[PDB]
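Trainee: Here are the chains, one letter per residue:
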Amino acid sequence: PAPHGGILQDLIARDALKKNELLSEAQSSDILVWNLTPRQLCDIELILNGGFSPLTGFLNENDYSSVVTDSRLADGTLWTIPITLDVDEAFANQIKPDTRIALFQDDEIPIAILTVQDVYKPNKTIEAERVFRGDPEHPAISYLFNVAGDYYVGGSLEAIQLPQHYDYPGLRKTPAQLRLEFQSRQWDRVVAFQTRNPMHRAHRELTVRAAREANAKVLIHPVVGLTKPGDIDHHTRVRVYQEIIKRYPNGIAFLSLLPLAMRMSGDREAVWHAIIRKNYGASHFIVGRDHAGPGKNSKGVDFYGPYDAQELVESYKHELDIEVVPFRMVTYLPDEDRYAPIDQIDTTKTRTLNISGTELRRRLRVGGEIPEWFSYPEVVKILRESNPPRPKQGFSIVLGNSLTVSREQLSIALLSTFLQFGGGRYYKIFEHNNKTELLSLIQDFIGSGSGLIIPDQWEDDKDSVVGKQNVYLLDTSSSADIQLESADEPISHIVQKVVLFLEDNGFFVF
Amino acid sequence: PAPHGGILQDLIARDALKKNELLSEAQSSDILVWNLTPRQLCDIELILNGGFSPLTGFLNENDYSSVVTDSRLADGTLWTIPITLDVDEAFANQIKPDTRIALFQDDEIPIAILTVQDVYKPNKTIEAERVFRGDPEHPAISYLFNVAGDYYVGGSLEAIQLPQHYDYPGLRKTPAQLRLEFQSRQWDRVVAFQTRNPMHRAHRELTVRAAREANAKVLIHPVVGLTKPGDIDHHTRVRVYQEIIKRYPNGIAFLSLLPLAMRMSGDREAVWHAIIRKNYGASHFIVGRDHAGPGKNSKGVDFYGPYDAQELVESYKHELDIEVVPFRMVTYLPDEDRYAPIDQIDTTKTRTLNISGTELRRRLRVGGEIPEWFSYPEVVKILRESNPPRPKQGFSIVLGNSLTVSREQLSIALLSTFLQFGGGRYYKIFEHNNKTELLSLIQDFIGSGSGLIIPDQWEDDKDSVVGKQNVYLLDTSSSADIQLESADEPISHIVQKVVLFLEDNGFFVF
Amino acid sequence: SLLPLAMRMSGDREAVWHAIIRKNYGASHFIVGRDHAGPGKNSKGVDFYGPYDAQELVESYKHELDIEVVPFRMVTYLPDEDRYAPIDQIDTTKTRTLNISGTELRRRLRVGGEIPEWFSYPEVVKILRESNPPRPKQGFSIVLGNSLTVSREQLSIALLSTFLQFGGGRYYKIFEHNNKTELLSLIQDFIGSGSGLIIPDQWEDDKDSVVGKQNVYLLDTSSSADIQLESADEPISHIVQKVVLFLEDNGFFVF
Ligand SMILES: Nc1ncnc2c1ncn2[C@@H]1O[C@H](COP(=O)(O)OS(=O)(=O)O)[C@@H](O)[C@H]1O
Ligand SMILES: Nc1ncnc2c1ncn2[C@@H]1O[C@H](COP(=O)(O)OS(=O)(=O)O)[C@@H](O)[C@H]1O
Ligand SMILES: Nc1ncnc2c1ncn2[C@@H]1O[C@H](COP(=O)(O)OS(=O)(=O)O)[C@@H](O)[C@H]1O
Ligand SMILES: [Ca+2]
Ligand SMILES: [Ca+2]
Ligand SMILES: [Ca+2]
Ligand SMILES: [Ca+2]
Ligand SMILES: [Ca+2]
Ligand SMILES: [Ca+2]
Ligand SMILES: [Ca+2]
Ligand SMILES: [Ca+2]
Ligand SMILES: [Mg+2]
Ligand SMILES: [Mg+2]
Ligand code: NA
Ligand code: NA
Ligand code: NA
Ligand code: NA
Ligand code: NA
Ligand code: NA
Ligand code: NA
Ligand code: NA
Ligand code: NA
Ligand code: NA
Ligand code: NA
Ligand code: NA
Ligand code: NA
Ligand code: NA
Ligand code: NA
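Protein chains in written order, with full-length UniProt numbering: chain A, 2 to 511; chain Y, 2 to 511; chain X, 257 to 511.
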């Protein structure tokens, strides 16, 4: 289908002959420079390659507000997610319209030249409410208030080069490249499958059903740009995708990585995803249950209805110009050993089975055995390997402040005690001295599977520098993960409590 | 048998009622304090519990020189290894005879009070030559010149408490305790087996043959104090011993950990070991091939003859007062599936098999399969788990100084590249900034199995702070582990060389 | 001992007959279980015979059969006790039973399912699977319907080349029958041999009887086509995908 807006805005192609010139300007000592934030690197790449057609830069206030309140660009073009260049007051103050800014990656690789149209201060509360539904726990809202700059810079782009990537060079196909891929294969019907999670059996069946329904080839188009916090890293997922793609009949599916930065904006994002997939050459786009939805908030309430996305996409059906293949909950049928859309069964006459993502991590963290019917063996192997069970996970024991015993001797005791257990885990007494360059290394070790014994707490002003993952506090306080009887409890006693606690949480298995 | 010298010098028992008094003196702000070095903690524990009877302190110059040149204490008592308290000039200068020094552990736990008899400066060259045979690569000689203090402090001890240990509290039996152990069991004949390596099938057979020859019960008495550099840590070995002990018939063997600090002094040490085991209650002591020997030097020549220890022990036979069970090379007999002393076979009429320690590590480092005949499965499992094969080992790539390319970009490229391989390894770009507190952490990560990408070298003055284990240098230099074509070689090229190098060395397996 | 008898599946009458035959052969006792010699149910789901008609009939001729009959009621499996037993001496709900009818049995055999260790011996199932292989090892035919407007020659080649890339030990062949019964009668032979046949044309209705309909699928725009096409001139790659996915859905292909 024709790219959204009618013209694929591949600016790399467009500006080719200005490459050298733009590059010179980008590195001229006079031009103002802004180093792109991670999400911005994702967005900038989708803008320059045509993935965000008709966009050709970051939204000015006129187009931005029109998207917030109208799900459309100022000219009426259907567009639900605002793509803006967020900066800080300090930087915002150095620019005026007509100004040319050089956009860099890692304060080293010049990506593009942005010609300023305007500099405004968005009302983040409206964007949060109208665009992401207002809930403060929503991933896009939390980003908007805690990471995003408070000033947006609307302006047009001139491409120097797409952001740099050293992993999967062959797989990050651009819209132009994907289209050629499909053509060389004479693929004129292609249903695209969005995803940010590893694909299990349900998904494989879902995608094949779609290929059959639409009479089209399958395009696995996963997001490797930025997804929901806590998601499985993309490297692991790519390994999973490349593995599961082999379960499809020969020459029916194609894999391509999408460097998109999701907002987990349920229904709006679904519309957005469809527009993006259309730009990339897809003729069909799948939209299953809770598409692009971030689940429930701490109160247990849904951020979106399980089918809001489908409803929203349905209402823009006649102007999306890409056919949507909707799916209802796809579940497992024990008694028949096969999956099927929930909308064509039940009646109690048939029993179903479903292993939610939650329950999935549990087995992964507890060494549980994931059902042969749920996912392929090769896939679980890859997953377990990236997210090992507790007995192979790292951790830290922080000797609380209330501790009255010798921190030095208690540290040694714990070290010697853990050492006798064996199991391949590496241990270390870790003195941070409140130095962030040491604090920031704590999760690195934990990530490496090592066990750390930290004799002292770090000042509260630095608590943010350390990831709380698998970090336990040994203290007399009520907020201690491992609570002590008294501040001067004898070491052997404290040691037994720490050992049994870790044993109870699966870190040790005898 | 009667402890060496006739009286078990269990000073903990002797000084019991002086415990409180000595403890008060040890913590009095006026007394001079010396914090025991690791090897000293091992020695101090063997002196205070009677393991070094008749010793009751660290050798004065008179007894020390008598041992260096006579293998005897000044009074004629047979004693081959000099046990001295080595300190530095600074400390030596603050003490005179009659002075009382407080000996601490971890500058916190008072171990004993030493009454000074003299302070002398030993001729380390003589001790090295007469006691350890002179070769500069010999472990005891390298320690003597690079770790030991240049001043010795002879003097008598008054025990406050044995050095603190939080691991294996039940297994570190003292001579008095072991003797009681044997008695409660009515064991009047016990053959002790010394060791610093994990026990394999050959050893199990060796020890059983001994039990049968001597008509005595078996005492597995391994060293957990200090052995040969590069040896398997004692925690792993203890796990191995506890595991292999189960392959003995019920109630024939006893396990006890010896906190001895070996000197790897072949024959002399053998004599010493025998004296030590006698003090501990053994009636028999095994002495196999190259007992307490450190193998060969870099030139391939033996530090000791494979049977020097046996010869030396034999010549002191009538005064050791503990029976020695000598063994010749115990090897494997394929054709008969069983081990046997080499002195009672060969003749070519029978083919043998032997997997030297060298070859042993190779399989462990290469994921090789260790023969069912060589060692028990449960044992190899424990070993592999502590010394994982290359595909699970950590490593570091240091971007050499000659590097002309962007260290920042080359770092990211390597990171992104390693990340796509998967396999449970954790990676990190590690910037040390020449800070030893960061440098000293490098081997910790490697030990944790992680892969580090270090963008810059560390000044040569700090090279000692980093263990060279699995640390590779990427440079154009000839001394580079991974040699580059030119300092400005393009990244993708450098990346391929690094990947293929690591792949060739087993770190990556596809 | 093998009995070269030609059954009539005549339930109760046949049971009487069987007993007479076994008596002639030297037996002193003859077993008569549930639905003995019965052909199950008809297309409407109704029984051809009562599950115990045979037993009743045999019982009424008891005094003149001169061979003793050992009657049995439904013998079923007892999970909780791991053992089988006549249904007439249990139930009461106090005990849970289990029964894998013959129907369900073929299903696993055709779907590669795993037959329970309690149901049959391993050595037996092995022999059965080997004689009645699962779909992924079964043969089949795709008949290019008459309504087909595309090049039958090119569509045949496409299907052949497509199936060939899957691998799995199956042998494929474009099979031209030319309405010759000597060729038609060979179709099931190949299917029986596990081979996959691509047949470019239908055979005249007057010969349809010469071919066993087993695993023979019709690719056509008609409603009676096993694999229904959108249009008679649907482009080949499209038709190929439909045929592949259909066969994949019916277990002939597994990836
Ligand atoms: N059980 C299911 N039934 C129907 N659709 C599903 C099911 N699971 C996942 N999907 C669909 O698969 C696509 C991607 O799934 P996910 O990676 O989990 O999440 S999402 O954030 O990319 O939407 C979405 O269209 C989603 O709705
Ligand atoms: N193959 C062997 N034949 C005879 N004796 C052996 C053999 N292997 C080991 N031993 C003996 O076992 C004891 C301890 O062995 P090791 O742990 O390797 O080294 S040692 O430094 O403690 O002697 C020593 O008496 C040694 O000589
Ligand atoms: N579950 C069962 N309980 C009692 N009898 C059975 C059962 N299954 C089979 N039988 C008996 O076994 C004999 C032969 O069984 P089948 O081969 O299945 O069928 S039959 O056509 O020869 O009767 C018959 O007497 C039949 O009634
Ligand atoms: Ca703000
Ligand atoms: Ca819900
Ligand atoms: Ca108290
Ligand atoms: Ca010196
Ligand atoms: Ca030799
Ligand atoms: Ca050059
Ligand atoms: Ca019935
Ligand atoms: Ca047509
Ligand atoms: Mg890129
Ligand atoms: Mg101790
Ligand atoms: Na179009
Ligand atoms: Na930089
Ligand atoms: Na359609
Ligand atoms: Na809703
Ligand atoms: Na349209
Ligand atoms: Na618990
Ligand atoms: Na201290
Ligand atoms: Na000399
Ligand atoms: Na004897
Ligand atoms: Na010699
Ligand atoms: Na004696
Ligand atoms: Na090589
Ligand atoms: Na009836
Ligand atoms: Na009769
Ligand atoms: Na179906």
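No wet-lab data here; the hints were simulated from the structure.
From the three backbone atoms N, C-alpha and C, an ideal C-beta is built for every residue, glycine too.
Do not rely on the hints blindly, as some may be mistaken.
[Said to hold, decoys possible] From the structure, some residues in chain A lie toward chain Y, with a derived Cβ separation under 8 Å:
no., residue
1, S25
2, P389
3, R391
[As the list claims (entries may be wrong)] Straight-line alpha carbon distances no greater than 27 Å define the calculated DSS-like cross-link-like pairs of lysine-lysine that follow:
no., chain 1, residue 1, chain 2, residue 2
4, Y, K20, Y, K125
5, A, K382, Y, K382
6, Y, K436, A, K469
7, A, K429, Y, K429
Trainee: For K429(A) and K429(Y), compute the direct alpha-carbon distance and say whether it is at most 27 Å.
Mentor: holds, 18 Å
Trainee: Tell me if the interface restraint on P389(A) is satisfied: Cβ within less than 8 Å of some Cβ in chain Y.
Mentor: holds, 7 Å
Trainee: Quick check on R391(A) please, does its C-beta sit within 8 Å of some C-beta on chain Y?
Mentor: violated, 15 Å
Trainee: Between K20(Y) and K125(Y), is the straight-line Cα distance small enough, at 27 Å or below?
Mentor: violated, 36 Å
Trainee: Under the criterion that the straight-line Cα-Cα distance not exceed 27 Å, is the pair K382(A), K382(Y) satisfied?
Mentor: Between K382(A) and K382(Y) the Cα gap is close to 21 Å, so the pair holds against 27 Å.
Trainee: So, as I understand it, the hint says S25(A) touches chain Y; can you test that by seeing if any CB pair is closer than 8 Å?
Mentor: violated, 19 Å
Trainee: Holds or violated: are the alpha carbons of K436(Y) and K469(A) at most 27 Å from each other?
Mentor: holds, 26 Å
In summary, the structure is inconsistent with hints 1, 3 and 4 from the numbered list given earlier, while agreeing with the others.
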